[PDB]
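Okay, here we've got a single chain as structure tokens, the form solved without the ligand, with questions on binding and movement later.
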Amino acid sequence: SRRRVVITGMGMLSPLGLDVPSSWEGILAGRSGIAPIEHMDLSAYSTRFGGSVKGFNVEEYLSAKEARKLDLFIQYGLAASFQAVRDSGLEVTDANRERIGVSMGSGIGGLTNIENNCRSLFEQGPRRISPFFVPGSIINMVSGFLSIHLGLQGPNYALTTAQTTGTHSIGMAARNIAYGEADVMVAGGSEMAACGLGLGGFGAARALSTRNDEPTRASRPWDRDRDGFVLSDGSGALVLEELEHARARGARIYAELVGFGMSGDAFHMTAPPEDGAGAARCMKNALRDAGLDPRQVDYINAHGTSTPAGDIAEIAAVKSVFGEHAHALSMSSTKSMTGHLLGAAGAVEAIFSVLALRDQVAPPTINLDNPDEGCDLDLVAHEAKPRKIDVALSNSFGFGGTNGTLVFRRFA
């Protein structure tokens, strides 16, 4: 019979910091993590900036010998996972190791490593491909390497649902616990797509902002002068735990995960429908799953990518789901500051949604200077808004018309 699921630990690498508290301080202060990319020569690229993780030290987590074998997206996923497990206070024992699993996903996975090995292959021959190429690059190896390091023998898997990955990963890990396949899951996502193929490939789709001369203002969700998403790196991980398991060990509980929705648009490979029909269907599923009145929703962490079609589709979906209550809730895009962490977006944004509940504050949508036609909700323009938040919703929408919604509420 369906059990309740709470959040007992969180971990993060973002363009705003090397952990949760440092990231959250940047969020509440309206700070941009977006800057010209230093790690490669992008003079031939139409976009030369993004949200980099600054000063990441993998040797806070892993031996340099093991780190060298792993794509950055695996290193970021392990860092957030280790932080979340530590933050939980959970002790892994022979008694509980079979009941603790992991679902850390990625949208694109080890593109940097795949590019570097493709260069070796093409310039020098197959004998120069790394022996660690496959286990060092494939998406499931966050879950794999975390289980090996911590001794987690529960369900072990990874989702890849493009920009919806971190939201789906957390929702499905919550379903694992809810229906008794696990008592604890580490769940979230990680992404490092800032290589030639990543910036070049999104560039070739003309999906990215090209505001190279003012990167901190590039990400401007619902602003009339927005011109596409800002590519960002990092990771979010949460420890999800069955309520009575958490209560039994005296865990600190940040919030309860009460609702999860999925829906497919069945509309277009990359474009969202302008009326937000799939996102509305996904939110309604999530609110019904949480047994809520839609009027209980106080805060929405929007997908809010800063694309022309995506941002307006979300306003349409929120108006359609919430009717007059759409004018009472606060909705913000933290991508205004972090940029778009792709498969990690829904993981970091789930964490920001939990902290909005802990601290009773709506994070701002920075850069919202001139809201576009129809973008007339409370979008928390410019500055953080202290307010009552009992229920918070986090939305993600990705390529393939794939939608995810998570519903969190305060736990007393």
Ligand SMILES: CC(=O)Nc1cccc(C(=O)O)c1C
The other form holds:
Protein chains: 2
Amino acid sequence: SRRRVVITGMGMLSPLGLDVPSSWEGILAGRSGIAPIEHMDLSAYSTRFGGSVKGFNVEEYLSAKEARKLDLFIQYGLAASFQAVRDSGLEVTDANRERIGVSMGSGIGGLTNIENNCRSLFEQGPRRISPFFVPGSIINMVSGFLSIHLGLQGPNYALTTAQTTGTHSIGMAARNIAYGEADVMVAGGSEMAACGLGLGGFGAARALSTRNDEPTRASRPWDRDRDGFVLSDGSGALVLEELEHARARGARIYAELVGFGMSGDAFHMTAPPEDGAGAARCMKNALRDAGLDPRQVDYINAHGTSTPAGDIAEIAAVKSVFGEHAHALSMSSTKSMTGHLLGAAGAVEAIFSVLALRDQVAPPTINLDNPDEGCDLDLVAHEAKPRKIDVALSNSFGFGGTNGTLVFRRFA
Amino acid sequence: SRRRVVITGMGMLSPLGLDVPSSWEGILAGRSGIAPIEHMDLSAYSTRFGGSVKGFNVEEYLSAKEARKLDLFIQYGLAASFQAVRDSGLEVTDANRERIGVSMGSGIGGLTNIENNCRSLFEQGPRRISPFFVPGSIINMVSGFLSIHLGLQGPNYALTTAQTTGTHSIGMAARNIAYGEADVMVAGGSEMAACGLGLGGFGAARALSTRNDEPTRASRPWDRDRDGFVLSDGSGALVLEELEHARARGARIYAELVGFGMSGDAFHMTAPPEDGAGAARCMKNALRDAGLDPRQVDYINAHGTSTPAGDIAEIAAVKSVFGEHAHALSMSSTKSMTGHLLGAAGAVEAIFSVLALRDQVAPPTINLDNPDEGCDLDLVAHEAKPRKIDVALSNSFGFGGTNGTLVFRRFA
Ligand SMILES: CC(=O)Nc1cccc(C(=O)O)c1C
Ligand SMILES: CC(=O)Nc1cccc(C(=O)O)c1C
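The form solved in complex with the ligand is what I need now, so please give it after the form solved without the ligand.
Full complex below, order starting with the chain above.
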């Protein structure tokens, strides 16, 4: 048997807002965070738009000196983490610092830093590479820097499971607390891949929407005219906490993390199976982990990335796991509004799933103008839907066929 | 209730050879795998030597067609993984494929591929970025590709905890099996950071030995004339397996994995505390996890990277954890011979720790000509030591202050 895990703090940078409540207001109003990308020449690229974090002020969190040493994805992850810890009200002491850890991950990490240092290396040679290039670029430095700044001496790691990273980071943090390896974890992910190599890389695989003329309409999960995902930047972080620890200090509890599932498709490098059999097993695993019948699920935050093969495979998976109940639950992709934050997608979508529980409302899938063949579930087309939500699922699936499901429940 | 975990398979690429037994014979002969680097021109760099994998033939595992699409670190991880799985004698069936997962990590992952695509982007433009740049370079794709080739549908993820990756990967995979999430895991790491950004980046931070005149003498843990670590390439993979599962199929058991510890220094991004307080917390966590009296520890495979601050800190933590018993155990750094495989360091070192148990021999710390002040333990200077080993401990420390300890014992 196993300790209960609750959510006491949340923090976020997204294309919709510089914090959770601004982002969540965006979500419920159906607002897009997608725009042509600025201060960067995309003439030669097939995709010129994405979800940028707008007006980020790193000096609310770090000195100019510390910020200069760190890739944007690390800055974004620390901002989300500080917000989350602040939101939790947690006081770190000598009594508890050994019981507080971090698992903040990234899918692709320091690409902007790697770009900038590559320029220096090619143009001038290795003597112009920054001394902080290595520590300032590696994916575990959100966990590293946060632990140094707050004096966190608990489990310290980072997951990198491509587009599953955020979901996996929160799940494995939850396991640390459940099995008594920590009382508190800060978990989630951060990503900044809106550079040459990210838009170029995903663009070369023709994975991206090229709807340059209508950026806010590019991300249209399960719509018949979808043409690939929209690349987005940001971060999400949650304070996970053992229930008796939260209660003792009178912490405000948002929701309970009751279920985590994992699976591998063992199918293709960059496409799921057509029936989404891996997604199905992962969702099944998460529900068994929670001791929940598929019947109990009210809301699914879909992976729902606006790809042809991806979107249909997730519908097939949900129909398989849930049967006739798949038509009674509400499923939406918030990527319709935020785009695809890759490694940070599972973190910000775990937060939206928790807020769907707090506010009893399913966020919309915007741009769902003509549902494709088979896309006949309640996909919350166009507008937010107030409704009863006791249990909310959040799916992430990644290159390599790596799948993650979180199950959240209302607490009382 | 927590299940017992054993090692049934091991695989390796190292600077000492292209499998486990060849690598192991080099370790016991006191052989160095460190040489001037031949694959690039480094006349502009302050470090012009490393531990390269010599004569690696990827077409012993994969078609040339697939190999071409994959960064060396992925090639190296799959090679070590395929060896470990072969060595286990495990058969993947529809009955067990959902119970077999993989956690192979990397510190930096596809940096050679990323640099090469960065050259294309800057010299030509984004149109020359390979369509395989993302799935051929990101860290989670050892786990991805291995699951695709072998049909593994169990937990599928990657850690990135810098030079601690391999230790954390094995540790966390063991926890998956211990807590019932899988019956088998392929776990370890792989690294190939010997490109312009890698040697230039660590050089810029002055982390590397610059002993170009005698590359084989550069890696000299606890020697008073050490001047930084030696950058090394390779992969270690282990098959971890629930004890009853292994017994049930008549598996050859190398050793039991009895202990796993984690901790954060919460001190500095790129140096340990002088007293190795974080290392000490980690080893105590692992010894407690294993239910051991610290006096049962016979052999320690040190992190022992040949850095001024790092080597002395590890002595301090061992003296702090074992008191007078520090003078009875044997502690050696195989990095004296292999150099520093970064994310793969913990993976090849876990393997050398299990082989120390199989063969009852402490591997040498070669090049320990003049042990530094306070470095007065049995550091197995120069020559392999035959001795009683029931319990072996392997340490890894990483940028961010992220620590890991594994404890293995002989299985009867
Ligand atoms: C194996 C696979 O490609 N799974 C999957 C399914 C749907 C969307 C996405 C995506 O995040 O773009 C991914 C990665
Ligand atoms: C926080 C820190 O820098 N720890 C540590 C200690 C000793 C060696 C090494 C290494 O791999 O060179 C590291 C990374």
